[PDB]
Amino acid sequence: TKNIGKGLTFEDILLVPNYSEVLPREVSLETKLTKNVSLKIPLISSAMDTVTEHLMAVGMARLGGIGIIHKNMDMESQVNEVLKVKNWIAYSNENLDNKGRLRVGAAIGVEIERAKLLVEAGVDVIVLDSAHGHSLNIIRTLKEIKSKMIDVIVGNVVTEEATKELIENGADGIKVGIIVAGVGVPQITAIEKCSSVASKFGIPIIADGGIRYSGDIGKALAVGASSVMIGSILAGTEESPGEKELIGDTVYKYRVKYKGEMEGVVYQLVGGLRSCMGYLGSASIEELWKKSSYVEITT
């Protein structure tokens, strides 16, 4: 039988409320990014050219999490970007290094030299982003990094096989999230399948792609995820790459729509995670894996 079974997305389920003693405020947002790296809030900016560059990795680490930079630039620009973040001259929170600064990241395309001048410039994590992680060309760029430079997050997968197979070769964290090619696995039943294995092993999960509203990210961590990757919903903000076009009745980031000051967006999303964790009586993300429960919504 080629038919595995019913695969669920965020729109497919709602979360069941539990006995609660914790208020929205009290809740602990701290959690692990890799093993040796950790995030104060469980949100990390996406490795998309239209979203995450400079002022972004700023707002990302000073508000609690990390920010990942893309592979679509000449070396010295990803090197002169990471080094522009770590360097600085009532923003409370603030995620820092061990030599106490800021936090950043980078994308690696399957190459090894870009991973070199990155790690040397002092990069906290580097991600092996690839439209299909479970391979030979990627399974290998692992060992070709482990035995030279660092905590590595390997690119996107959706299978239980693709996660045992990956962590063995030293996968220090996993990105899950795979019309045209006709391939995919709905996001919930992915994380449900990928952390069913990424545990026992101390290896966290990053839910990449599909994040529309606050009550989405709740379900992600609830299911296994240790963090969540935020792309399109930050796409056109002020602190991202684009210029500005004023053309009547509307304003764009040059082509994409302007989504204002980024802080607000990360505030309204954190606020959602807070209200979610309240309802569910999870005091902290580790508690949300123990005390979850969800029902299926036949729309």
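What we label the rigid core is the largest C-alpha set whose atoms superpose within 1.5 Å from one form to the other. Numbering follows the first chain given and starts at 1. First, how it differs from the form deposited in another entry.
- Shown in the overlay between the two forms, fitted on the rigid core, is a CA shift at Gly242 of 2 Å or greater.
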Contents of the next structure:
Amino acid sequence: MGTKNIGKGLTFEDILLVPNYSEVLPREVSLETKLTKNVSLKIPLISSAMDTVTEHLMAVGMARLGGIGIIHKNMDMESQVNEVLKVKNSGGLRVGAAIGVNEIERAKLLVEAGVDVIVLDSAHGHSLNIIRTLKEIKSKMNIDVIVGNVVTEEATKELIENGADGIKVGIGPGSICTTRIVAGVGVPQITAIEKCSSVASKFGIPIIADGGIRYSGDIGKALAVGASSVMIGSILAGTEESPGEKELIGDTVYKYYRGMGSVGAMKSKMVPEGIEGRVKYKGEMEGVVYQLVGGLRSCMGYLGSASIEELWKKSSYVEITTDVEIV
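Can you swap the form deposited in one PDB entry for the form deposited in another entry?
Coming up is the bare chain, nothing alongside it.
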């Protein structure tokens, strides 16, 4: 009854994947995927380009486990290049790096330093400035470019037309995100993946599902509705390999975790669109990633899918509504 009402948006919590006939065990499924149309991964996990999540140590950790880390850009170009070189000089290991609009010089140095992918990011990926930066990169240098963040078919189509090698989806869903309350803007993440994958898959362009992952189950849901990989922040921020500081709040140890659109991140008249928060310290990332990969394998076993491509073809979900004390 609303003219401007385009429908009901679903987030991860709104749905559950329905089991299929299965002939494959969790241990047997292949988790190989495409990061961009020219770069592959062994597992579909990416660490977020945030200054409390990913520098060289996190990037090295991610790559060793078959994923990839995106070096954040909240540092001068020289330091970012050096972080990339740190990962690259640690054996033949893939690594990514973030840039912002009009940062062509930063992009050039990164590419020279041997980065495998450039992540061109903005709060609003479907914009004139972003597209102009994209076209400039593709014409000046030889590199795969992931562009984001977008949530619509139209955005996805236009970015692909201008040379996007990967599409990053997510406005609204981040754990430290306040765009939804500051600007009133967003799209629930399942719906956003569905819309963007509906265009991108037609062109063989990978969708990165960015933000809102809380449990391993969410990874399965994101991939099932069309994503090729997921980008993760808060979960990895609590690990020993994250660059964030530590603080003892009362009894337990916490790691700092802040949005790149927070007051503190922007200092490194403002209208912040992210908070500065704390997450519980969780130790080594390897144990953390193992559980995440373990959960996804279990999911794909339930859906009888031996690969992500198969999962796209076989998956379906149900909408759900939203006395034992756990030890």
